[PDB]
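Just the one chain here, laid out as structure tokens, in the form deposited without the ligand.
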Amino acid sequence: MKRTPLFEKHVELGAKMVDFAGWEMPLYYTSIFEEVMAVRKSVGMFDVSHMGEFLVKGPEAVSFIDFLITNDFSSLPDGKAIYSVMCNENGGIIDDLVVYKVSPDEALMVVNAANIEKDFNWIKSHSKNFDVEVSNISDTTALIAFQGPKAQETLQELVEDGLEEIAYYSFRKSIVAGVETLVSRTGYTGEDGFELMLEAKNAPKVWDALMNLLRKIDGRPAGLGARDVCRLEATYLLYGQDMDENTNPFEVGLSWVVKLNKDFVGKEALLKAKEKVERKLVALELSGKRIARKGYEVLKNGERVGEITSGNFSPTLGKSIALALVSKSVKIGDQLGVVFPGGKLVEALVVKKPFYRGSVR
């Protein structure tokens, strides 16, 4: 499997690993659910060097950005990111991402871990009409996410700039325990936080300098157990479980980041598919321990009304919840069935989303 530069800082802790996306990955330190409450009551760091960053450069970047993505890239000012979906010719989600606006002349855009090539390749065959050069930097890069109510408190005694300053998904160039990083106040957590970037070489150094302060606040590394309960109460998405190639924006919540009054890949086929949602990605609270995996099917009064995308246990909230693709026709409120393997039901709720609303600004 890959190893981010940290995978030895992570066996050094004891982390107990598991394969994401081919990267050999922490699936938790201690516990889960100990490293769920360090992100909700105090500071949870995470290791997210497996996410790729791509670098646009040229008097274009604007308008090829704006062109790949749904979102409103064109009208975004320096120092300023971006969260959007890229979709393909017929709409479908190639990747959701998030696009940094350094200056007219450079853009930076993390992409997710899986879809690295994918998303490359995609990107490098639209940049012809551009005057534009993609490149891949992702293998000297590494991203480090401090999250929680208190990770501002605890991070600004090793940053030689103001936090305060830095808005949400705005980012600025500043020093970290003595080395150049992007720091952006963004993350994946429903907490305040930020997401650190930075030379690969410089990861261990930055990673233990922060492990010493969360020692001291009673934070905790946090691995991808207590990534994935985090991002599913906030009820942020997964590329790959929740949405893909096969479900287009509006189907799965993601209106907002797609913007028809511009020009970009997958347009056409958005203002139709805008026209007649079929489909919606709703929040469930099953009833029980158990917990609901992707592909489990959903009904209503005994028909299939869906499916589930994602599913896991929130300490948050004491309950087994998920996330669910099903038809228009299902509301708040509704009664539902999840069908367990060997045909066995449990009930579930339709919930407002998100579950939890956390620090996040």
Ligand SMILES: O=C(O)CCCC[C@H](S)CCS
Contents of the next structure:
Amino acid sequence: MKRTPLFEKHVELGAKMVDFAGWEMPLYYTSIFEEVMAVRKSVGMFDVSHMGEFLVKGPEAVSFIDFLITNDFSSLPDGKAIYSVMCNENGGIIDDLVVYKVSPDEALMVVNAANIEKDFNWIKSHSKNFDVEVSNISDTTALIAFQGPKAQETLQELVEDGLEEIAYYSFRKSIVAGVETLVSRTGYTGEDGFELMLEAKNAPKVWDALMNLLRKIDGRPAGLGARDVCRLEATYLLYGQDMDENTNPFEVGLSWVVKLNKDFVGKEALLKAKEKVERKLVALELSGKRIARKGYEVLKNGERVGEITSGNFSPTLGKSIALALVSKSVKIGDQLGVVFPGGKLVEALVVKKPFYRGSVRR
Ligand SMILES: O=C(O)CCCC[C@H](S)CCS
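Next up, the form solved in complex with the ligand. The previous block was the form deposited without the ligand.
Shown next: the complete complex, the earlier chain at its head.
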């Protein structure tokens, strides 16, 4: 499996490993529960160096990105990032991503680990009519997520610049633990937090420095188990599970990242799709302790309406929770049935999204 520059640190910490998107990653160090509460009460640090980073440089960096993504990148000022999806000609979701507007001539794209190759090829195969050069800097770039209500107060003593000045989804170049870093107020937890992008060679040092500060405030390094629990509670999507090229943005609740007033790949397809949204992604709270898995059929009074996309147990709400792609007719308050292996039906209630909102800003 592929190993991030912090693999050795995870091994030393005695973490239980799991294969994620071809990477040997830490599922948890102590327990998924302990790590989730760390994110919810103080701070949890995640190694997300498996994520990819693409750099677009050139006079038409802005128009190129705007042509590729569904969201409005043309308006974004320097130092701002934006969440979005990148669609194919038929409006299917190729991947969701975050794009940083460094300057008129430079943009950085952060994409999912499993889609690095696919995304990069897609992006390169579309640079032809744009005065830009696209490069993949994933191989030498690390990314650390420092999340929690006490994330800012704990991280600040190692950062050369003021963090309070950095707004939600804003970023800046600074120095952390003596090394250059692109610090952003972003996250996948629903709490306040930051992500630290840095040269891979510097990952171990920054990580060690941060670990030292965590043991002081009862914080903890957190694995993928805790990462999934927190994002699901926050009701954030995971490409490959909650959506893929067979779903358009409107079907999974991402209408807000699609700006149809501009031209972009999949635009025409989406105009027609928007007129007939027959599916929606709903939040479910199941009875019992059994956890739903992707693919389990979802029923309404004995009739199928969809299927589970993501499932896990939320210690924050103390319930088995799930996301499910179902027919438009499903509404909040509905009583549904999730079919577990062996045809065993488990009751589930449709609830207003998101399940939980923490200290995350703006
Ligand atoms: O391995 C697991 O059990 C799932 C955790 C997946 C981690 C997060 S939810 C995805 C990274 S974008």
